[PDB]
Amino acid sequence: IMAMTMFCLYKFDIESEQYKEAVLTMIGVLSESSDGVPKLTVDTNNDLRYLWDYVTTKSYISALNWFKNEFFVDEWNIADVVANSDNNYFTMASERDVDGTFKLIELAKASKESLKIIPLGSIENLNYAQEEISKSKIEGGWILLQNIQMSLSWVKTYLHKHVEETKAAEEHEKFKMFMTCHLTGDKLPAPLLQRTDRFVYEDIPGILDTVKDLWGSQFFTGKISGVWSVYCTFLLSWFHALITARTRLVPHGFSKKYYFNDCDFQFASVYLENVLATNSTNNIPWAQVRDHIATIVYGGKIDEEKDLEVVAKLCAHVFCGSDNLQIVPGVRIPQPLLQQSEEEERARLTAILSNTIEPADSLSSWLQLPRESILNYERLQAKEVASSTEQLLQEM
Amino acid sequence: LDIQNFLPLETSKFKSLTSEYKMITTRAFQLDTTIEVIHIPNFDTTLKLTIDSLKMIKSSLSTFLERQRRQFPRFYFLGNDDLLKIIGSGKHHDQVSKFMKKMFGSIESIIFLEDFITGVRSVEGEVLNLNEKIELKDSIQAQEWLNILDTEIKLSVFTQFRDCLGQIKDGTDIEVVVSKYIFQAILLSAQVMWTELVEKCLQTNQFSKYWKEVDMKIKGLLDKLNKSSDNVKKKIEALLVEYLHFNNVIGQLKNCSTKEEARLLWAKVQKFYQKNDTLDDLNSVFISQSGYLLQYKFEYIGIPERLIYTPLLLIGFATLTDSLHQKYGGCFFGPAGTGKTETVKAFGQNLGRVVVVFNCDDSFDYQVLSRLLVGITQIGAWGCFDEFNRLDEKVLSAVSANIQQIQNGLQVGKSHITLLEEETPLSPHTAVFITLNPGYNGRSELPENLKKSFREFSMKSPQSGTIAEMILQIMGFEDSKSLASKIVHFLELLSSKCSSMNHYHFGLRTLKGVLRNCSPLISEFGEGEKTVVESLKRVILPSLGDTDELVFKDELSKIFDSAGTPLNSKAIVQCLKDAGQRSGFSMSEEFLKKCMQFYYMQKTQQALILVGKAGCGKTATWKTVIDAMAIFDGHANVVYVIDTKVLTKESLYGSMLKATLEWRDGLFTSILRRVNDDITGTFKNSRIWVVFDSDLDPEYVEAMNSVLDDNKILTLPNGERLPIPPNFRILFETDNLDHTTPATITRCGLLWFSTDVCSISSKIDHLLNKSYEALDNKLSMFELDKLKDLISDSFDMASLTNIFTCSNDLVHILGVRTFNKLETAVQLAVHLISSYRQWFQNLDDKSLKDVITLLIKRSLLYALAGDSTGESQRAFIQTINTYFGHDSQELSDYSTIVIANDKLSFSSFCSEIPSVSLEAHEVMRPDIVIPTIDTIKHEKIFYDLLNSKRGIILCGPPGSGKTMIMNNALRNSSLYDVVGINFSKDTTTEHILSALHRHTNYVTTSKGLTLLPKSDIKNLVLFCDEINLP
Ligand SMILES: Nc1ncnc2c1ncn2[C@@H]1O[C@H](COP(=O)(O)OP(=O)(O)NP(=O)(O)O)[C@@H](O)[C@H]1O
Ligand SMILES: Nc1ncnc2c1ncn2[C@@H]1O[C@H](COP(=O)(O)OP(=O)(O)OP(=O)(O)O)[C@@H](O)[C@H]1O
Ligand SMILES: [Mg+2]
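Sequence order for the protein chains is A and B.
Letter 30 of the first sequence, counting from 1, is numbered 3726 in UniProt numbering, and no numbers are missing.
Letter 442 of the second sequence, counting from 1, is numbered 1904 in UniProt numbering, and no numbers are missing.
It is worth saying that the hints were derived from the structure and are not from the lab.
Don't be surprised by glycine CBs; every beta carbon is placed ideally from N, CA and C.
Don't take every hint at face value.
Restraint ranges, calculated between C-beta atoms of paired labels, are given here [stated by the list, open to error]:
1) A:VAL3777 to B:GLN1873: 30 to 40 Å
2) A:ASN3975 to B:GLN1873: 45 to 55 Å
3) A:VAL3896 to B:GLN1873: 24 to 34 Å
Same shape as in the complex, but just chain B:
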């Protein structure tokens, strides 16, 4: 009703055509033949006339909206649909506050006393109150009332500036001012008084007297912050950024050789002056740098996160002002993460402007940007093309041409410039900024026309020392200056002293991380170097590898020495030893170390990386530490171990379905919703760990980079952000890092496992006892006690040591390292021994040992030499016999132990074979084996490993009978049943499942929740042929 109320001649003409077309359709439908329609009178004439009139209405709305937009040029930012809601929602008034967030960028919602506007609030939370509360009546247009607001909002900022500026001039404590003045205003008042107090201080050289003075304001503001309300907490912090800059510059000045040296340094800085001379107060503030002056416009900025001052920053601010002075566009090219747009945003803020950023080519419409450009040239704002480079050539041309109009319009000062085929006026306060990320080719370029319209600058990462010093200052300094220099020298030194290793990063991100890790650590100890030193070894060391592990120790103590002793020394450790005793594990030098390194990192870091060789001990480290924490804290843990690359990005993070765009959960996001959405049970007191065991890659980490960010929130592909609690820790265990970006590393805590945590013996030790547990559920304690006694006396480590060493001195097909072969031994050995348990009851004690020794010598062979030539096996067999006791039962190639059918007996005989008799028709049969010295040999071993339940990989040339031996040994037995899957270059993980579904029956038993056993009662074997094909 509201839209047709505003447009009477438009809706009276729409409804008239709506009548005609309603009769035209219903007349034409009842005809019942589309073709019959051509026989209908006045149809081409009717529709041609109707479409003409429908086009006159759309055109008339278009003239209304542009005349509305020209009156309040913020509406250029909004666009049509949003604009119409505003004109429609005029009755309400309050419903416009939604759209202000867009047309200002600083504010979020507007404050009313309904009839009157008391002020506005920014997106940051900051409350601005107007001078005059703007009165609102029924017969008012949005255009009229809002235009008053833009005026008053800027005036209100001048008010709050002069009010404040005057107060501090009357010697008032800055902690007083904070509570009563909006940040934007207090900031400018600081700048103007700072500038005036240091300006005079150049003449006098009273620097020391002003420095301590400022330093005190810094300390005063710091302690204020700690006990402050979150709102004002932002405001103090934002001021801190600035205060620190103030003092830094004065200190730099106190140091200078001469007055010329001081007047050089001062020229380079941004100096904020005021005109105590003149009228038009919103033009009363101006800013000086390198000789160039720049009028502070009064736009509200709210309280944005303020960029920490760097020399590099000022230089950027300097080039920007140098371009602008001569009516040229600012432009910086350079690597992503050099904060080129942040600078353009910041340089605007410093001059009281909210810069409009165009994120270019993020599926961005040209039609919307063309509107935004008109809006910017009218409103006289600053627009920044955030990564301009990434635009498609037709768009890039079109945009680039437009931009030249603007920049050429300003250079000349043309009153009206023509762009987008219309005469639109140009404010001279307008400017366009271009950031140019580099291509795969090289560092990007402006189009030719723009080269003589812009000034290009090369952004560079900040030399770190300066950023470090400030960050140390903010925490609670002690000596910030010493630390910052020392820390950087050390990091710099590691870089030139350590080995060039893939994942090693010693740049600033790394030191910002040391410093981020530092904050909780300060709580433990001091705002001292010692807290720095501990944080260094907390982050730097867990990623170092043994040679470089000392380079760190050598140069850390070389550059700074802090302490003798560590707290949490007994406490965690006995909670770690008691965890491993229970787990089966051994507390080794190394295992303890990497368990400690990890323990201390979860504390700080929420995202953890574990890198190592396959079979390092990483699942055992973290599974062991996590376990130790439930003993020490009393907090439960809830672990989700997810193979990252088994599932698709869609299966894992959230897949949106191509046509009905229907949102379904996935895997990663769905286990978070138990914790976030409905913590029905005990989750607050619990610790949630989501582990990724599989190889990590860009594509997958990029879709969750926001959790890795300072954000701690998950961004949907469409339609949400989900926040992550402090309980919820993401771990990453993997074998390599080559794929990942240095950015991904440095957001997380990294734990490089230089070598295997444990001793070969210590592995077996655990492995044995792990195997024994399985057997207790299927073997009597008297039987078990005697059999575990046997194993201890038959194999000693001293003998095996040489055997595992000799393993290497051999050609191994399908290579797997000695350490990872161990489980293959132990599981076999224990099973072969548990096989002959009944014949251990009555047999001779000397003879029993011979059965044990033989089996162990056998099981040990296949587990080290089983993948060998067998020309090599036979070689190894003598090697085994050699290192074992000479008298003890020797191994032969075809060596076997035998017992009677109808009487208990005991002898060792080998190579006794059936012969096959088959008829002519039987000759070719898909299951036919002519048993050989080697058929029985392989079928026996192959079957023995399945009894162990260890998986088997049969490697060899084609037609060698790996498939036959496998099939015949199992097509024969009652116990197992075969299902054959043949893999090809591109086989899916559903193929495995589909094949299984014929022979498998899901049952929801409360013992394992969902289970997928075999469709019948006895065991199943998947035969996966050509496994090294996909």
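Chain A with its partners taken away, still in its complex shape:
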């Protein structure tokens, strides 16, 4: 939105009047204001001639980024920002789909080390927290305050005053304090917020990459279950990575934005350990695995009938399978072999991940929804940017 606007803020003063209506007649097409053809002069304008080519090719996201690139700026990475930045405080908000907590781990590791994750949970966490805050600034280690918004009542009383008082934090050793927000969620105090630097972690992983990150931790659990279970836990890693993938794209996809957690996987995996612990390892237990996963574990949140069916139809495909599943077009997952090694099967199922390459068309090929839907969604987020820009210009 700021790209398209800022581009119009410069170019309307600088370029021709013939330019102004041409680009606005284009922003009108991306929006639902109008559909028209801009003013053409041979080799009169070429940058502009290139943009309408994006808009006429029905290609939305490309045309939206055009305004960013036309600025010819190197678009700064969290680390770049942090290094340039001249403050000991940062608050990075993000949508509930992700958390930059693990980006901050690799950010600290690659330069200046000193990483300390501090959950704000109960009284003990806040109480331990305030101790580790005052001491890390003397010491100069980096500190993180995970998901402050929840523990907020405390912020306005202790942290609001504490961070304001700490103009001795300027005096204190190289140290940087980080806080994680959620955009959709309770409002942080504006005074504290304006004082501290702000970032938005907009960084979304692919299906395969989330699968590999889900299945990645799973080896640290140890061993209390059968070999066969690791297959079910693998299945779930794919399943979870497929509903989360579907969460962003709405309306086409899910009716509403719904948020699925590490808690949702956990309550699903716990039911899986439980079904194998109670049954024979005959494969057929699969029937009520689906109903419980699709209606209590994951359908708990879901309220609309429309979406409850989507969870179910996903369970139909992810869970019920005999010999061959074919989660995605590229990848077939075969049922545990007679060799029956649990160490081997982890390594086999890890290898199935390492063999596959996530295609160009993932959102339509992998997530069972049509390609036509994806473009419809691309169109809608275009319309939203295009509108809000027009609206901004007319307001001033």
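Could you slot chain B with the ligands onto chain A? The hints should help.
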């Protein structure tokens, strides 16, 4: 004495300070100057030392009570004042039973043989007897004796469970067991044997053999109920809820495609197993569902009203157990009336727990909840936050933080958790439940911290079919399965086939109502579809409007056909026709219909709604039916017609007065106390009807929703519930419904009047005869007989028909429909004719007709065109003349009939006017009119209507002289006297009264009881100016 007995060091130190302060005050008062007090020795020193010691006593009591509370953690539920009464009342012992209702929730009072406790009784009425009767002595603490009781009461439930369980296993009839075992116990025994008999039945597939078997127990229990004592009547009914669930599941199982299909269905259900293995018997029962098991704790529940089993219900029970298994809090969000707390309560009962419900933000103290939370974490109970969402942000934060401690304490299993700045221990049997009603914003949220501590679920209304089938089963089924499917399809079908109309509701509440209406109807006919079909048209139809009135008939007979003929066909009808003949009314297709629809509804429904256009016939329908019932039954009726919105909620329901909080009756509650409190006369044999004629709104119905409920009792704002008899029927007549909630509709019976009950002619017919009656009291029968003959021959319906049709083809200021104009005509016509009665004695028969026809043509004009432009009047005048006989006396704009001062004469002349002569000083005078062609014209008509006694609304532009014409016509005459009230945007109904009080004199004449006539003998006129201002 008892409190100072328990605390010796505390009362010895209190009384020592009481001495000092007694001398300090009396010394300081006699000084006689407050300021003089600073000169007094050791006053700041004395009081600072005294307050320190008074604070040491309060603190010491606080340490005593908390040490008392920790010993018996039920006392956490009680609080200080109640707690002290218990320690004080120890001598008595029996006086603690009051407070048990609170600290248990299940029981109401305790049973003694004085020295020994024989058992307890529940709030439901159920009698539980203990195994060992607990012995009581003088030197015993409440803490010690009660703690034994809690133990024994749970043990006593295990006893009554094993005793019973064993019996049924030895093939005993369930009707036998009922009589001897408490419900809680028989329920669990049923569940465990059911479960075991169906568990085996999965392997064998002997389902049919067990099904009929169970079905027989159902029928057996049903017929037992009908002839049973009210107490045990609750117990059988409560068991029925459960038995029906049993059979339903088995039947579902008999049906399954495969064994895997059956083992899926069985996984989803709550399966109640027992350990025939182990010791610690109170831990011997456990429950399975979706793989998860749950230990039945043995708490007494009494006999609570048991929630009917739905698939949706089990799912809720399933999510609750899924949360609990992983040490997470249960939480469901969703619309109010989705019974989220009922579920949490029920899910507790099913596992032998009485869940504590915190009704949150119903002016609820944080201090009390903080105590309750400590109590719950000690006692290991389940607590449910009933609509958690509605808490104020400081409270919400404080509470939400506390709750996290508990849920975090359980998840980790921390032995002691700290909350409310103290180290208190945590039972792991503890759980917190949150119900989240939605806001105006959307479906509510848990605070962030609670999101990773709870599991949220979306409650949804039950797909109705399942609930319907059961309800049909309970009544006396015939074929319950067919009915339930058919009924729902029909209701579903009406919804997609009928017009989307405001007040139409075809959801379950509606079918539960059809089914509720059904019970008496079954008594009439059968436990058959036919009884269903009649109940459908008894409820569905009286609220339908003509287009949808056939959609109902079309699809009802399409989906199920029952019968040819109706009973109570002659009987009521002749009692209805004889009522209207007497009332003046005409028995029309429609009038009969809406009279019948109503008659049959009062029978079932106690709250009735009548919706229609103003002048539908609603007051006439109900007034006519009610009248017909006193002919057919022989029962008197006593009607109270109350304008709902004239009075305030305070004037009507009961107002409590802000400072002295003094309770005074009101209007609605006070007329019930004649019936309830002191039925001194004949009320038992009488029928009481309280009618609300005015527009109905939420605020007013909400304050009496309890009478509309299954309750049939009135809840005071403070300090009572008053029960309502079956005689006492509440009616509601109104013009629209837009304001009311669908909830309010569906508790009552609704009668939508699609069109006016009666024919235009039929209205006039009645109106005439109504007017004649008034005149019999002031006109001789010879005069009257001749004058009513005249009216019949002068105006025939055929002529007027076109005239009333042409009325519409005209601009009408201050719009009022043609039908409602009719009374304005008839009253005028009859009065103008009764005016010239003496000149009808001797006048020519041809000439007489001309006087009649003219007056009727006049009266008819003003009543249809009087509110018209008069440019339009003049237009209408030719229209009237047109449709009346051509030769008959024509109407002119200024047309009038005249007679001589000193000799009887007869001629028709118009527009003869006085001239006014007035001096210079007289020029402006607040009562001065320069008579015009139009002054006389208006003053004449205006005065004529008052002689009719019909109220007059004068509409027009400012300064047009509506006020002048009105005032001058009346400041002149002896008959009437004027009082002017000027209305503004916000004028009160007292303003009307206050203004009247100067010119009105109340007299208690036995003829009308209290009367408010005018302070002098001759008539009064209130002039209400700017009536469309308030
Ligand atoms: N026949 C008449 N002769 C002399 N003056 C008249 C006559 N009719 C009306 N007027 C004048 O018109 C004015 C009428 O005002 P008034 O009757 O007080 O208000 P209104 O027309 O009745 N409207 P409202 O009282 O607000 O419903 C007076 O001030 C008279 O001076
Ligand atoms: N069968 C009939 N024959 C003749 N006139 C009738 C008949 N039924 C009703 N009426 C006329 O309709 C009127 C009935 O008044 P009623 O109080 O019922 O109107 P309403 O619809 O209740 O108005 P509101 O909604 O303001 O209460 C009577 O004045 C009567 O003249
Ligand atoms: Mg009426």
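CB-CB spacing for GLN1873 of chain B and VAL3896 of chain A relative to the 24 to 34 Å hint
holds, 32 Å
If I claimed the Cβ atoms of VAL3777 of chain A and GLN1873 of chain B lie 30 to 40 Å apart, would that claim hold in this structure?
With Cβ atoms ~37 Å apart, the hint holds.
Pairwise beta carbon distance, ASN3975 of chain A to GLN1873 of chain B, judged against the given window 45 to 55 Å
violated, 27 Å
In summary, the structure is inconsistent with hint 2 from the numbered list given earlier, while agreeing with all the others.
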